[PDB]
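Read off the chains here:
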Amino acid sequence: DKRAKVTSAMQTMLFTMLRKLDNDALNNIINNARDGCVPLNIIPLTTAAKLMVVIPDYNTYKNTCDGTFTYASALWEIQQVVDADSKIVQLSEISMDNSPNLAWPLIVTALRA
Amino acid sequence: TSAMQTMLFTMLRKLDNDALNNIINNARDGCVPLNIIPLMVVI
Amino acid sequence: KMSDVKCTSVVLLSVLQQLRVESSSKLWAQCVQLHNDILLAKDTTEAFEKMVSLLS
Amino acid sequence: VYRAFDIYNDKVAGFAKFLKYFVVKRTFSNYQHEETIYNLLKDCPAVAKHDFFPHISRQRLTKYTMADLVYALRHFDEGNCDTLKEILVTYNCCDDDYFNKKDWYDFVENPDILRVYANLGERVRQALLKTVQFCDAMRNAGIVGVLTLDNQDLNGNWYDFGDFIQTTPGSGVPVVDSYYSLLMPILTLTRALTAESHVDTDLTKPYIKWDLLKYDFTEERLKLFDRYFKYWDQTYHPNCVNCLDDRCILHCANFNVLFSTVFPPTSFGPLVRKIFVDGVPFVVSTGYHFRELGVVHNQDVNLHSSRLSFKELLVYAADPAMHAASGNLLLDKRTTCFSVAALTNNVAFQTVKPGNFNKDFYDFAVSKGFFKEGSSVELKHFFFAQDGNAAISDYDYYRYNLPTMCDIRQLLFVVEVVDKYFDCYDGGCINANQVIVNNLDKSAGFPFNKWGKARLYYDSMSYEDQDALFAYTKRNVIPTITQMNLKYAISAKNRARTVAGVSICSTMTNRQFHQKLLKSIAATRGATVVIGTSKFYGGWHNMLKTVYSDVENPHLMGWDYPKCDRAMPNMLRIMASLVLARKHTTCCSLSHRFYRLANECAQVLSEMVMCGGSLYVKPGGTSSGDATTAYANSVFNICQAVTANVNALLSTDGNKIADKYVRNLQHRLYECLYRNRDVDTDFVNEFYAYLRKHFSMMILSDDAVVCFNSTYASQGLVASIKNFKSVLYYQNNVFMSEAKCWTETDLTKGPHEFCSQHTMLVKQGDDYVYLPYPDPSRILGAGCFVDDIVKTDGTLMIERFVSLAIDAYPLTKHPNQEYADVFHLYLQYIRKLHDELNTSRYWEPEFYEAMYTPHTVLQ
Ligand SMILES: Cc1cc2c(C(C)C)c(O)c(O)c(C=O)c2c(O)c1-c1c(C)cc2c(C(C)C)c(O)c(O)c(C=O)c2c1O
Ligand SMILES: Cc1cc2c(C(C)C)c(O)c(O)c(C=O)c2c(O)c1-c1c(C)cc2c(C(C)C)c(O)c(O)c(C=O)c2c1O
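From first to last, the protein sequence lines stand for chains Z, R, A and B. Just add 4 to the spot in the first sequence (first one is 1) and you have the numbering used here. Just add 14 to the spot in the second sequence (first one is 1) and you have the numbering used here. Position 37 of the third sequence, counted from 1, bears residue number 21 in the numbering used here, the numbering being contiguous throughout. Just add 5 to the spot in the fourth sequence (first one is 1) and you have the numbering used here.
There could be a bad hint or two in this list.
As the list claims (entries may be wrong) - Taking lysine-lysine pairs in the PhoX-like style, the calculated list, with each CA pair at most 25 Å apart, reads:
#1 A:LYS(-15) - B:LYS364
#2 B:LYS385 - R:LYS28
#3 A:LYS(-15) - B:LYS498
#4 A:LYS(-15) - B:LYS385
#5 Z:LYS9 - B:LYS447
#6 Z:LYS9 - B:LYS107
#7 B:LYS338 - A:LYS26
#8 B:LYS377 - A:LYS26
#9 A:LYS10 - B:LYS358
#10 Z:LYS66 - B:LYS338
#11 A:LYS10 - B:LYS498
#12 A:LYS10 - Z:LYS66
#13 B:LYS455 - Z:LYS6
#14 A:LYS(-15) - B:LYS377
#15 A:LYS(-15) - B:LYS373
#16 B:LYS338 - A:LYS10
#17 A:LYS10 - Z:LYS91
#18 B:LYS316 - A:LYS26
#19 R:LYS28 - A:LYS(-15)
#20 Z:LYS24 - B:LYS455
#21 B:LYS338 - Z:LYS54
#22 B:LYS338 - Z:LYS91
#23 A:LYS26 - B:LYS385
#24 B:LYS458 - Z:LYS6
#25 B:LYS458 - Z:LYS91
#26 B:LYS373 - R:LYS28
#27 B:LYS316 - Z:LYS9
#28 B:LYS16 - B:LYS665
Worth flagging that the hints you see were computed from the coordinates, not collected in a lab.
Given these sequences and hints, build the entire structure.
Structure below.
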C-alpha cells in the first residue's frame, strides 16, 4: 500500500516545486532556444530571485558580497541576514572590530533587482 | 552521568586541579576580576 | 595515568553534549578541539591542563 | 645520460628508464635517409631544426623532453624525485624553495600542487597543436611512420627523423597510438587546453561568455578533435552512442573527458527540454551531456504523458530537473565544488556526538591487571565527536578528484586480462526474481530517503516494472541524487566518517545487471578475489594455502590505497564497469550495453549530492554506499595490480635479462595492447595464467593481499612495492607513503596485515596451521565504548562481545601472556553476563576452539 504513497510523493514534490517556480520568464527562456535541450546548470541561475549565500569569515565578506550587490549578471539588494546559529544579524557589525563575536557562516537572503 | 564526580575524586587525588588552583589563587591575591578570565582582572 | 584522564574527558564531553550547549559555535568548536586533543594524549599533564580548562 | 624511452623492436619491447639543444650523434644510409626526410618535411611549424652535418642533431630542445615528463609523472618516487621537481621548477610553477612544504608532493596536503601543475597546461597544449600540425604535414607529404614520445621536447617542435621510408606523396599514414596513448592522461593533470574557454581562446582575454543555452558542443567537440585528434585512426563518435560495442567506448569517453574542461561547468550534466504534460510546461531532463560520454540524446521521448504511474514518476523524480530548476538558488562559499540550489530556504548543519563508554569493562581491566602504568596493551581507539561544519567539511575533500584520462592503448590490455580473472565465473542480464535481495535496510537517495529505505521500493516495483526500467536504462538515461551523511563509529584518527546512500533506482537496475556475477563471485573458493568467503574453519588457513599454491619464495605482502572512495579516477572507473558486463554478450544488444554503461557513469561517476541542503555536483570518486562498489574497486584493485605488472615488465630492460620465456611474454604483450587493436585470446589467456602463477592475489572488498616470487622481483619482473606506487600516483590522484605498506619476508609468520589482521603459526593438533588474530587494543577499545543502545537489552552488546572473543581466541595461543589474558577477561566477562540471566555454551573455551580449527564442519 505504501508503494502508492511514495510513488505519489514523487510527482507531488515534482508538481509543487513546479508551482513554487511556475512562471513565464522560464517560458521566456525556453522559446529563445531549440526544441528545449538546455543545460540544467543554468535554470535557477536565471529564473530565480532568492539567492542564498553562505559567507564563511571576514576576508571574503570584503572581496565579495557586501552591503546591494551584483552577482550572476543581475542585481541583489541584501534582505534579512542570519548567522550560523540561525539568529538575526545587523550589517554594521560586519567589520574587523566585531568580527570575532558573530557565528561565522553568514547566510544572506538577497533578492533580485 | 553521575559517575563523573566519582571519577573526578580519583582525578583530584593526583591533580590538585592545577588550573582551578591557579584561578582560586588569582582570586586569593585580592585581584578578583569582573568575570572569570578565559582559561576583566581589576587592580 | 592517561587512561583515566581520557575516559574522564570522554564522559565529560558526553555530559556536555547532553547539557545542550550546541547553541554557540566557537565555544563548541574549541570544546571538541580540546576533546580531540585529550583523546590523543602522549603526556598525562598536558591532558591534565586540557581537562581542567575544559571542565569550566 | 639516462632518460625514458619507448622501444618495440622484434625482441625488446619496453618502456623503461633505459641507459644510453644541439644534441650531436655518432651510420651513413640511416642519416642520409634522415636528411632526405628532413628535406621533404620541414615547412611545418612543429619541427625542431636539424643538422645533417654521421651526426643527425637537433636544436631548441628542452633539456627534458615530453617523454621524461610523462615518465616522471608515470613513475613517481618521493625518494627519487629529481625529474618532476626540476621540471615543475624550471617552468614557472614555484621555485626550488617550494620543496620544503611537508607533504609538498601530495594531493591532500598541499593542494596548491594543483595550481603548480596547471602551470604547464599551456606548455602542453602548445606541443599538442604542434603535433596535429605535424600529422597533417605528414599526411600531405605522404609518409608512413610511428609516433613515440622521446622525440619531442617540451616546447613541441618534433625531431628525430630517419626511421620511416619514402612513400608517394599524398599517401602516408603514421602510427600514432604510442604517442597519444602514453601522453594521454597528463593533458588533464595540467589541464592543457583550458585556454580554449576564452574569447580568442587566450588567457589574456575574457572567457567566452557562451550562450547560457548552448549544450551540445558537438561541432565544437569535433573541432576539438579535428584540431587535436584528427589522426586518431578510429571513428571517434562525439557521443559514444555511435561507438560499436565496448572497446570503442573506452577509446572515446577517453576523449570526451579531455574536452570536458574547455566548456563551462554550466553546460554539462543533464539536458532539460520543456515537456507540456497536458500543457504544464514541465522542464524535465531528456538528455545528458556527460563530461566523459557525450551528448546522449535520450532516444525514447514522451510528450503529453496524460496519465502517470510508478515508472515515469520515479524516472522523473530521480532527475535533478525539478529540483535544480525549480528551487531557490543557493550559493555556498565554504567549498570549491560547484553548487546549484536548496530545497528549503535555510542552510543546515549536523554535529556528531561521542560514543558511550562501558564502565564495567574498564573495572574488569583495571582489576584483572589491565590498564596499568606501562601495560604492553594500551588504548588508541575511541568514538570521537565532530563539530558543526561536518557534512560540508566532509564534502569538501572531493577537491582531490581531478578529472583524469587513462592511457587508452595500455588500458586496451587490462579490461580483458581482468575479463580472464573473472572468466571462471557466471554472468548474465538476469531477470528480477533472479536477484536475491541482500542488505535490505541500507539507504536511499535524496527524494527517496525522506520516504524510506530501499526496502519499500523493492516492495513497490513489481518484476515487470523493474524490467521496464531495465529496458529504459538500455535505451534512456537518468541521473540521481546521493546524500552524503556522516557516520559514527570507533576509530583512532580524528577525521570523520562518510556514508553515501545512492538512489533506489541505481540499485534496482545495477542489481538486475550484476547479481548473477555477484553470487558467482560470492560462492567461489580458491579464487583470486575472496569476497564472501568463509570466515573460520581453517578459512584463513585454507585461503593462505591457496595463496601459495605453487609460489617460489613467498615474500607475501599487502597494501592500501589512499582515500580510494574519493580520488577514484575517471577512465578506470569506467573500465571496471565495462569489464563487469562482458558477461552479457548472449543477451544484451551492444546498444543496450552502451546505454546501461551511461546510466551507471551518470549515477556514480558524477551526479547530484544533497549535502545538507546544498546540491553540488559530484566531480568523481566512488559511491562507498554502493553494492557493486565493493567488487567494482576489487576490479579496480586487480586493474591497478595488472597495470603495475605491465609497467613492471616494460620498466625492465629485456636485453640484460637472461631468462627467455617471460621475455617473449613481455614483447608479445606489447604487441597485444599497443600495436594492435583486436582482442587476442591466446595472449590474454597465457598472461592470465602466468599471473595466476607468480602473483597469486587474494582480493577482498577493496582489500588486497599478494604472494609473490621474490627472485623475479630482484631482477624486476612482477609487482614490487615501489612500482605499484609510482603508478598509483599518476593514475589515481593520491599518494601512498611507502611507510604505510609492509612486506613479510618469512612465510613461517603470516601476513603483517590483511583485512586488519596479523597471522601466527601454531601447532593445533601437532599441525603447522595459520591463524589470524586482531589487534588487542582494538578489541579493548571496542569493548568499553558502546556504539548503539544496549542498556535496554544487551543482546547486541553480548553478540559484540562474542564476536570480539572469536577474534581474540587466536590470542590464547599467542606467545605473549597479556594477550591471552585479554581473551580470558572477555571470557569471564561473558560468563558474568550470561550468569545474570558446550557448543551452544559460548561461555566455554571449546566453542571458540571449534570455530577456528581447520577441519570443523558446522553452521
Ligand atoms: C537510515 C539512516 C538514515 C539517515 C538519514 C535518512 C533519513 C536519509 C539522514 O537524513 C541522516 O542525516 C542520517 C544521519 O544521521 C541517517 C542515518 O544515520 C541512518 C542510519 C542509522 C542511524 C543507523 C544505521 C544502523 C544502526 C542501527 C547502527 C545500521 O546498522 C545500518 O546498517 C544502517 C544502514 O543501513 C544505518 C543507517 O543508515
Ligand atoms: C552475531 C552473529 C553471529 C554469527 C555467527 C555466530 C553464531 C558466531 C555465525 O556462526 C555466523 O556464521 C554468522 C554469519 O555470518 C553470524 C552473524 O552474521 C551475526 C550477526 C551479523 C552478521 C550481523 C548483525 C548485524 C548486521 C546487519 C550489522 C546487526 O545489525 C545485528 O543487530 C546483529 C545482532 O543481532 C548481527 C548479528 O548477530
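For each hint, the structure was consulted:
Note on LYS(-15) (chain A) and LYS364 (chain B): the hinted pairing holds, with a Cα-Cα distance of about 17 Å set against a maximum of 25 Å. Under the criterion of a C-alpha separation no larger than 25 Å, the hint pairing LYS385 (chain B) with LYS28 (chain R) is consistent with the structure, at around 23 Å. A hinted pair counts as satisfied when its Cα atoms are at most 25 Å apart, and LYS(-15) (chain A) with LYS498 (chain B) qualifies at roughly 21 Å. Taking the CA atoms of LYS(-15) (chain A) and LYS385 (chain B), the gap is near 14 Å; set against the 25 Å cutoff, the hint holds.
The hinted pair formed by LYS9 (chain Z) and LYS447 (chain B) meets the criterion: a straight-line CA distance of about 20 Å does not exceed 25 Å. The suggested pairing of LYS9 (chain Z) with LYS107 (chain B) is violated, with an alpha-carbon distance near 55 Å, which exceeds 25 Å. At roughly 37 Å between alpha-carbon atoms, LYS338 (chain B) and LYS26 (chain A) are farther apart than 25 Å, so this suggested pair is violated. Between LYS377 (chain B) and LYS26 (chain A) the CA atoms are separated by roughly 15 Å; this keeps the pair inside 25 Å, and the hint holds.
Under the criterion of a C-alpha separation no larger than 25 Å, the hint pairing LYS10 (chain A) with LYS358 (chain B) is consistent with the structure, at around 16 Å. Note on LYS66 (chain Z) and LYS338 (chain B): the hinted pairing holds, with a Cα-Cα distance of about 13 Å set against a maximum of 25 Å. A C-alpha spacing of about 22 Å is found between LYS10 (chain A) and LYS498 (chain B), which places the hinted pair at or below 25 Å, so the restraint holds. This hinted pair checks out: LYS10 (chain A) and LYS66 (chain Z) have alpha carbons roughly 22 Å apart, not beyond 25 Å.
For the hint pairing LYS455 (chain B) with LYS6 (chain Z), the CA-to-CA distance comes to about 13 Å; that is within 25 Å, so the pair holds. For the hint pairing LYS(-15) (chain A) with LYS377 (chain B), the CA-to-CA distance comes to about 8 Å; that is within 25 Å, so the pair holds. Restraint check: the Cα-Cα separation between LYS(-15) (chain A) and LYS373 (chain B) comes to about 17 Å, which is no more than 25 Å; the hinted pair holds. Restraint check for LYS338 (chain B) and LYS10 (chain A): the C-alpha separation of about 19 Å stays at or below 25 Å, so the hint holds.
A C-alpha spacing of about 15 Å is found between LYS10 (chain A) and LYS91 (chain Z), which places the hinted pair at or below 25 Å, so the restraint holds. Proposed proximity of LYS316 (chain B) and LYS26 (chain A) is contradicted: the alpha carbons are some 58 Å apart, above 25 Å. This hinted pair checks out: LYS28 (chain R) and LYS(-15) (chain A) have alpha carbons roughly 10 Å apart, not beyond 25 Å. Taken as a hint, the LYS24 (chain Z) and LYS455 (chain B) pair is honoured in the structure, with Cα atoms around 20 Å apart against an allowance of 25 Å.
With a C-alpha separation of about 16 Å, the suggested pairing of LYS338 (chain B) with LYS54 (chain Z) holds against the 25 Å cut-off. Only pairs whose Cα atoms come within 25 Å are accepted, and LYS338 (chain B) paired with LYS91 (chain Z) is accepted, the gap being roughly 19 Å. For the suggested pair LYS26 (chain A) and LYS385 (chain B), the alpha carbons sit about 11 Å apart, so the restraint of at most 25 Å is met. With a CA separation close to 12 Å, the supplied pair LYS458 (chain B) and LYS6 (chain Z) stays within the 25 Å bound.
At most 25 Å may separate the alpha-carbon atoms for a hinted pair to count; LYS458 (chain B) and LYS91 (chain Z) exceed this at roughly 34 Å. Between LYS373 (chain B) and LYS28 (chain R) the CA atoms are separated by roughly 22 Å; this keeps the pair inside 25 Å, and the hint holds. Restraint check: the Cα-Cα separation between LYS316 (chain B) and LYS9 (chain Z) comes to about 14 Å, which is no more than 25 Å; the hinted pair holds. This hinted pair checks out: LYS16 (chain B) and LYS665 (chain B) have alpha carbons roughly 11 Å apart, not beyond 25 Å.
Of the numbered hints stated above, those contradicted by the structure are hints 6, 7, 18, 25, listed in ascending order.
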